[PDB]
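This document starts with one chain, in the form deposited without the ligand, laid out as structure tokens.
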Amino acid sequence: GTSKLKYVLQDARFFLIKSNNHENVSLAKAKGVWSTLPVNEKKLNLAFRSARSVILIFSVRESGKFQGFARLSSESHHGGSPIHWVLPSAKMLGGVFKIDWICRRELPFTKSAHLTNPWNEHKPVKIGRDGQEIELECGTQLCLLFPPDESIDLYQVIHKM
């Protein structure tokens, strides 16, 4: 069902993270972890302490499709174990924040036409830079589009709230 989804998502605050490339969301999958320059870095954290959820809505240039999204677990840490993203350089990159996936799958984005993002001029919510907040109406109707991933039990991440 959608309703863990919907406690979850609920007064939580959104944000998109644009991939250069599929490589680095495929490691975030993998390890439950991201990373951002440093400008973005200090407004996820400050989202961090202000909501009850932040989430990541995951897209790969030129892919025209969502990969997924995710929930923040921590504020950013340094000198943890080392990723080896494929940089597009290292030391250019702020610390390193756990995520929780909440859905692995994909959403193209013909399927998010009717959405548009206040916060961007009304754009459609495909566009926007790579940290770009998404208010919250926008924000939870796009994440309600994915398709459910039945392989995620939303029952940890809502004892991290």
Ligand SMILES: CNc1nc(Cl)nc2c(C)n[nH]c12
Contents of the next structure:
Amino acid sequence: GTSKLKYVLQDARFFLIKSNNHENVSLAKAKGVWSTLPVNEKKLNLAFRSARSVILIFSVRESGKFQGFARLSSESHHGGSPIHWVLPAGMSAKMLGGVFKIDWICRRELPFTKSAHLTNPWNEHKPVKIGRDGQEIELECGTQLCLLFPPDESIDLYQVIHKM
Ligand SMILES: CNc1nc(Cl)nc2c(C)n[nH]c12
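Can you return the structure of this protein in the form deposited with the ligand bound rather than the form deposited without the ligand?
Let us now look at the entire complex, which starts with that chain.
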């Protein structure tokens, strides 16, 4: 069912995460972690303190899809482990230094064609698939986007609700 999902999304904040490769989204699903550039790390740390739930909605660049979404379970922390991120051009391990802990709510894909009807007021009402890494998605757009994903029956939202 969708009732516990809707409870988790209640009053959440939503952020578009753009990853330059699949390997790091795969690593994030396996390890329950995410790292981003400092400008976005600052925004997510602020949001984490301000909202009952901060949801990261993931999209690998050029995949034409979202790869799932997750809830921040911590602010960023340094020095816990050297997450073997696969680094593309220009990006280095010091920039991706802060690690957030995340609980996955859905590890299933959603193609961009399925969200064509959702626009993001905080990005000039462009289609929600359009946005830079770290772009905030307004509550109603973000809620409807998350509800479009296929249910992920491997995930029990009970423990997530307790983190709140
Ligand atoms: C592990 N975090 C990340 N990994 C890769 Cl390949 N790209 C990005 C971007 C564009 N923001 N955060 C990223």
